[PDB]
Amino acid sequence: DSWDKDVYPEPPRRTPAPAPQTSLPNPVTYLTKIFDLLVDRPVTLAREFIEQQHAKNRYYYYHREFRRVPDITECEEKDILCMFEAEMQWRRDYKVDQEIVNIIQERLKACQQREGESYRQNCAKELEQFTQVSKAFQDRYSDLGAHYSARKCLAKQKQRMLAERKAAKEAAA
Amino acid sequence: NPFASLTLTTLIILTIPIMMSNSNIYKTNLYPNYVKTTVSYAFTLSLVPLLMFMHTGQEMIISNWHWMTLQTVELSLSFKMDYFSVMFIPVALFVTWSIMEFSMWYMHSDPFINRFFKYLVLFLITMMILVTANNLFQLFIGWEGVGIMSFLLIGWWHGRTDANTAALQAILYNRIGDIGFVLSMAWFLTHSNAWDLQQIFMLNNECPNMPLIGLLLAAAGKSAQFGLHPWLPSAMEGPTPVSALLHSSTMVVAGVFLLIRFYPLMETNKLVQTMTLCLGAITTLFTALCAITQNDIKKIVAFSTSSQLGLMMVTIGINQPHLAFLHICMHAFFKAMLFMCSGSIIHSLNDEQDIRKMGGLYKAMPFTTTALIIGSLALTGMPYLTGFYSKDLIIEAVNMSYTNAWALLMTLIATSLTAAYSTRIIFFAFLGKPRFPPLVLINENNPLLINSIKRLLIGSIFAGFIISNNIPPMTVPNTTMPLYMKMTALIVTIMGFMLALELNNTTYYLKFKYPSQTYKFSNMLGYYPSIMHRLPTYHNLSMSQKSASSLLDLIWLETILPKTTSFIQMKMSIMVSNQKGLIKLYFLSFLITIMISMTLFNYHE
Amino acid sequence: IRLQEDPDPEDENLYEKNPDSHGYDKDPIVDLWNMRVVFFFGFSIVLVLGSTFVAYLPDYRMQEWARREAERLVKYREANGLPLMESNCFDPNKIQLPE
Amino acid sequence: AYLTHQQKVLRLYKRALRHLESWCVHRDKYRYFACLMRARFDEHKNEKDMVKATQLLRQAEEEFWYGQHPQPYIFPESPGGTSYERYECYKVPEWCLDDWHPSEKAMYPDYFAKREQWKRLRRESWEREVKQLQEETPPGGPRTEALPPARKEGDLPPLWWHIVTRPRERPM
Amino acid sequence: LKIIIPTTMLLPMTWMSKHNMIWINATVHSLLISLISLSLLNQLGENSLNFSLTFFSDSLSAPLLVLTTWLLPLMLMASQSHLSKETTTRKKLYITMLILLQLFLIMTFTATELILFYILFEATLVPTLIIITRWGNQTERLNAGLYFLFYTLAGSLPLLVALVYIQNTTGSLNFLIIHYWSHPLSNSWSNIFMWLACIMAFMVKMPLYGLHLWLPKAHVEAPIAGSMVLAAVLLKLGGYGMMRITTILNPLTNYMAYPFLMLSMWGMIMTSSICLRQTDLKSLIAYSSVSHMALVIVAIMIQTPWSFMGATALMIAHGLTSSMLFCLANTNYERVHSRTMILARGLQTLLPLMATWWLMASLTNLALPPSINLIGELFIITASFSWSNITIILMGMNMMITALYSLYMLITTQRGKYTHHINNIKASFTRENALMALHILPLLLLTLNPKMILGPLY
Amino acid sequence: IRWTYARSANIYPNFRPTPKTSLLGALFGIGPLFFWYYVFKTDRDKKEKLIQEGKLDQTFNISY
Amino acid sequence: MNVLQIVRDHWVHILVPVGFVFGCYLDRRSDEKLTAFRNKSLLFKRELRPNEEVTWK
Ligand SMILES: CCCCCCCCCCCCCCCCCC(=O)OC[C@H](COP(=O)(O)OCCN)OC(=O)CCCCCCCCCCCCCCCCC
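Protein chains in written order, with UniProt numbering: chain A, 126 to 298; chain B, 2 to 606; chain C, 53 to 151; chain D, 50 to 221; chain E, 2 to 459; chain F, 66 to 129; chain G, 2 to 58.
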C-alpha cells in the first residue's frame, strides 16, 4: 500500500466465517448491506471522480537527501565554520532518532490494542524493541537539558566510555 | 469496517445544533424541538454500533488527527471504541433525550430556553469525548469541560447568591479532584512516557503507587466521595433537569468511569484497592445517613445518587470493573426517573419541594406514582428488575471475597438505609394526607411528561434483562455460596422496608417527638458542610489578607528592599545639601581633606 | 474661590447624538467607516487569511521530512539484524580515549 | 426601631409553631400541639410583673433554640427558601428602556408613549415633592425612615418613582 | 528586517494625518503590518532564521513579534474611549509613544547581540513612563513611574556591567556565538555574582515574590493602552532574556536555582491567594499576572525541554488573556468611573455579550484544556514533576486558587443582582465587543495547531 | 471609598514596626520559604544520591 | 470627486506600503553583501548548472 509493511508491520488478520446457527434473521447483516449500498457507494463514486481528476495532471515532489558531514568530534576546536555544519547534522539526527522512537511507539501502540485481552504475549517482542530503543535513547540524547548541543552529547558519550571502560578494567582484573 | 464511521458520527452529529445556535437562524420555539430530534437521532444512530458489538465484540481505536509530534510523545485526537464506550453511549443518549423532552414541560416561562438547550448539548459533547477518550489529554478535555458547564448550568439563574455559592462550591470540589488527574499525567508522561490509555496498560506498571492514588483522588472529585462529597447535594440548587441529568446519572458517575477505564492497570497494586473499599464504604453509610432525615425533595434522592456511587466503585474496588459498568447503565436509567418524577411533582405543586407539604399525591398523580414506586423498587433491588441484576449481584459478589472486615457492612447497612429513604420518600410525598396548600393546580396530563417518563419506564422495567443476557461473560460467575448471604441482598432491603415503615408510621402515632442528638446529626448532613465550609475557608482566606496581602506585600516586602533604600538616601541627604554656607567651615574641611590625603591615608606612601 | 476650576464634564454617551453610533469617534460617517475598516482589515484578512497563511505553512521544522526518512533508516537495520538504533551516536572507534 | 415586649412574644410564637409544623408534619398532630402551644402561651396571660414576663421570655427562647428543627422548614418565597431571589435574572430596572434603539422603541410604540408620559409625571412633580418634604422634615433630617404621605392634592407622595416603578415580582 | 522599516514608517503616518484620520490611518497600517510579521512564524528547522548581520529570528522570538505587531491595534481602539477630548497634538503624541514602543519590542526580539538586546530591552522604558504618568488617571501614577523605572534599572544596570565583562573575557556575546562557543561555569565565588547579575535583571521584569511591588503599582494606574502592552509583552522581555542568557550560565544554574524557583513557587501560591482577597478589579489581573508570570520562572530554571515549551506557550497565552481582562476592566471602569470590584455588580443582566467576553476571559485564564493556557501550564507541571515529585502539591495548589479568583470576578461583577443606583451603563459599542473579539479569537483558533507557539525546542 | 483606602493605601501610613509585626512577618515570610527549602533539597539530594548508582528506575523515563 | 482633494486626503496611505517595499529591498540589498559561501557549504555542493550562474540570491 502507501506505507511499507516491514517498518509499519501488520500481523496477518484472521476473521471467522459468518455461521449463524439460529433461524431468526441476523440484524447486523442488514445494517451493513444498507450502509454499503446507500453510503459506501456514493462516497466511492465521489472518490473515483476525485482519483481520475487527480490523474488528469501529475505534479511530483521528491526527497531531500542530505550528504554526511563531519560531526562535532572531528570538528576542529573553536572552529566555527565546521562547528555549524557539525551541529546541524547532530540536531537533524536528533529529529531522525525522535521519529525512530515514534515509529516504535506507534508499532507498540498498535500492538497492544490489536492483541486485546492477550496483549501480554504477542507484543512481548514489541516491548523488547521499545525497551532497547528507550535504553539506547537515554544513552543518546537525554538529560542534556534545554540547551542541548552536539558537544554536550559528546560530553555525555565520553562520560559513559570512561565509566564503562574503567568498570570493565577493574572487573576483569 | 462500519464500526469506525457510525460511532464517530454519533459524536459529530451531536454538535450541529451548537453551530446552528451560533448562527442565530433559529427563531426560538422550534429550537428545543430541533435539539431533541438531533439527540434522538443521535441515539438511533448510536444503536447500530451497539448491536454490532454483541454480534462479534470488535473494539477499535480511532486515532485520526495528529495534534502534537512532541518528540517521542505523539498527542493526537484519539477515540477508543470499547465495550465501556460503545455501550454507555446509547444509555447516555437515552436519558439525555428523554429529559430533553422533560425540560420543555418544566421551563416554559424561561426566556432563555434556547440557551438552556444549547447548554445541555454543549455538556453532552464535553461528556461524549470524555467517555470515548483514548489519550489522557482528551480525558481532561472532558474532565474540565463538564465541570465548567456545571458552573454555568446549576448557576443558571445567577440571581440568588446561593446558586453562585453552589457554583463556586461545585467547581472547587471538582478542582480538588483533578489535582490527582494532573499528578497522574505527570507520572505517566515521565515514567510510562505516554498519555494514551492503552500504551500505559501495555507498559505494565506493576507498582503504580503514585499514579493510582492520584487517579483515585480524581475519581473522588467528580463522584463526590468523602472529602469532596458535599458538592453533590448542593448541586441541586440549579434547575431540576440539570440536577436530574448532570449529577444524578451522568456527571457524577464519570468520576467512577475513570477508575474502570484504568482497570487493567489498577488491579496490579493490591494496596490501592484498600482505600477504594474504604472510601466507597463510608460514603455509602454517610450519604444514606443524611438522606434518612432530610426534607428537601431533591436532597433525599441526590444523597441516594452519592450512596449509589459509593456502592458501584466499591465493586471496582474488589476487582469488579465490568460489574461497576453494569451498574453505570442501570443507575442512569431509574435514578433519572426519580429526579424527573420529583421535578414533575415540584412543578405541579406550585414549586414546593419539602416532603412535609407533599402527601396525598398517590391518587392525584397516578402516572408519577407508578413510576416512582417501580423506580424506587429498582433502586432497592426488586428481583428481576433493572436494579437487582446489578445491585444484588454486586452484594452477592462483594460479601464473598477477600476484603476489609467492616467494609462489607456499609454496603449491607447502606442498602438497608437505601431502602429506608425509599420508603420515606414514598410515604411522605405520595402516601399520607394532602398537606399541600389549599389551592390545587396539580396536573400531569401533558403528553410531553407522559412520553418522557414512559420512555425510560419500559427501560426501568425491561432493560435489566436486555443488558444482562446479550453482553459477553466478562466476570467470574458466583456459582456456589451459602444460602444466607446469597439471599441477604434481598433480605437486607426487607427490614429496610420494614423498620423505616414503622419509623415513618411513628409520625402517625399522636405523640410529640423529642429532638434526638443523632437526628440532629443527620439533619445537618452529618456536620461536614457546617464545619469544612466554615473553618478551612475562613482561616486560609483570612491569611490571604492579614498575612499575605497586608502584612507582606503591602507592608513587609515593600518596606524591606524599596522603602529602606529610599529612606537611606532620605535619612541623611539633608546635611549633604544643608551647609551653613560659611567660608570658614568649607575651607576648614578642605584642610582635613588635604591632611587625610597626604598624611593620614597617605596616597603617596 | 479656593481654585478656579471647570466642573467635571459628564460622560457624553455616544448614542445620544446618533443612536447608530459605533463608539469610535463623534463624527457619524467616520464612525461608520471606522467600524467597516477595522472589521474588514481585521476579522477578514488577518484572522481568516492569516489563519490559512500559517495553518497551511510549509513543512515546519521539516516534520514530514523527518518522518519519511525514518522508515528507510529503520528498515536498513533489522533487515541485516543489527539494532534499529545504536546506543552510541558518534562512532566509537575513532574517538580518542584519554589514557 | 423597637421590638418592644409586645412583638417579641408575637414573633416568638410565629417561629415556635412554624417549627412545630416542621416537626409534626401531619395536620392532626400539628393542630394538637399548636393549641397546646397556644394554651400554654396564654395560661400566664395575667403577668403584670414585667420582670417575670421578661423571665418568661427566657424559657421561651433557649429551648426554642434547642427545640427548633435542625432542618427548619421555610417556604420558597421567604428568607432561606428554595425560590428566594430566584427571578432576579429577569428583573431588569426600568431605566434601561430609554436606551432602546429607534427600531427597538418603534417595536412597542404605545408603551413608550405612555412611558414618556410617566416620565413627565416624575419631572414636574419632583420639585414639588422635595419641597413638600423639606418643609415637613424635622430639624437634623428625619428621625424615622418612614416617608410622609401626600399632604395636599395633586402632588404625588414624596419619593415615589422607584417604589412605584419597581420591577414586577414575576417579570420574565 | 522588513518589519522594522514599516513600523518606523508609521511614525510620519500618525504625526501628519488629518485631524480625524489619525486613528483610522494608524489602525489600518498596524493591521497591515501584521501581514509581514505573520511571515515570521514562517520558520526553518532547528537552525534559527538569520536574515541579517544584526537581526535574526527563531521559533522562540517568532510568537513574540507577531504578538506585539498584533497587539498595537488592540491598544489603538482601546485608547479610543478617553483620548477623544484631548487635543490633536497630544492625541498624535500618544500614537507616537505606542509606535515608538513597537519599534523597540519589534527590535529586541530580533537582536542578535546581548548588548544590542539590552540597549533596546531597557530602551522600552522611556516610552512607558510617558504613557503611565502623562496619560494616567489616578493620583499615585506619579509614584507609579518611580516604582516601575527604579526597580527595572536597579537590576538592569548590573547586567550591563556583566555583559561587558563577558565581552572582554570570551570576546563576543552574539546569541549564536555564545551557544557554539559555550563554556561551563565554574563554582568560583566570582561566577556566583556574575550569574546573579545576569539573572536578576530579567527577574525584576518577571514579577518575583518580593520584586513585584511595581506590578500592582503600575498596571492599575496605567492607561488602558499602556496597561495591556505592559502586561502582555513588556513582562515577556525578561522571558526572552532568560531563555537566551541561560546558554552561558550552566552548570551554575542548577545549584543556584533553588533560592529563585522556590521563591517563585511559594509566592505563586501566595500571589494567587492575594487575588482571592482584593478590592480593586484591576488589581486582580495584576496579581493574577504575577502568579502566572512566576509559573514560567520555575520552568526556565529547570532548563528542561518540556519546561521551555510550556514556558513559551504560557508566555504568549497569558499575555493575550491578561490584556483581555484589562480591556474588560476598562469598559466596566469607564461606565462606572471607579475601579472598585464590589461597586458594579449584576452587569450580565444589562450587557449579556459583555458577560460572555467576561466568561471566556476568566475561563481561559482558568486554563482549561485545550486552551493554550492549559497546555503551557501542563508542560510546566510535567517538567517540574520530573525535577521533583513534591512540585505537584505546590503548583497544583496554585490551580486550586487559580480557578477561584478567576470565577470570583465573574460572579461578583456579572452574576448576582445589579446595584440599583447606577444609571450610567449604556449598551456596549461595537468597539469594545470587537476589541474583545480580536482578543479571544486568535487564542481559540490557535488551539488547533499551536506548534508555532511551543518554541524552538518543539 | 473609605474602605478602599483603608485596605489599599492606608496600611503603611499607619504601620508601625512593632515587635509583633516582625515575628508575624518573619514567620509568614522567609519561614515557609526555608521550610520548602528543607523539603525540596532533601528530596533532590536523595534522588541524586539514588540515581548516581542506579537504584531509581528510568527504563522508560526519557521524556524529562 | 476633486482628485486633488481626494489625494490631499487619501495620499497619506502611501509611505507605509512603500515602507514595506523599502524594507524588503534593503533586506534583499543586505543579502548579496552577506554572501561569501555560494555553493561552498560541504552539505550543499551542487554543481553550477551551465544555464544558471548563482546558487541563490
Ligand atoms: C494603495 C494606496 C492606498 C491609498 C490610496 C487609496 C485610498 C483608498 C483605497 C480604497 C478605499 C475604498 C473605500 C473608499 C471610501 C471613501 C469614502 C469617503 O470618501 O470618505 C470620506 C470621509 C472623510 O471626509 P471627506 O473626505 O471630506 O468626505 C466626506 C465629506 N462630507 O470619510 C472617511 O471616513 C475617510 C476615509 C477613511 C479611511 C478609509 C480607508 C483608507 C485607506 C484605504 C487603504 C488601506 C490599505 C493601504 C495599503 C493597501 C495595500 C497593502
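Think of the hints as simulated: they come from the structure by calculation, not from any bench. Some hints could be false.
What the hints assert, rightly or not - Distance ranges between label pairs, derived from CB positions:
#, chain 1, residue 1, chain 2, residue 2, range
1, D, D98, B, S110, 52 to 58 Å
2, E, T90, B, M571, 18 to 24 Å
3, A, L162, B, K271, 51 to 57 Å
4, E, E141, B, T275, 57 to 63 Å
5, C, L109, E, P252, 32 to 38 Å
For every residue, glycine included, the Cβ atom is placed at its ideal position computed from N, Cα and C.
Violations among the numbered hints: 2
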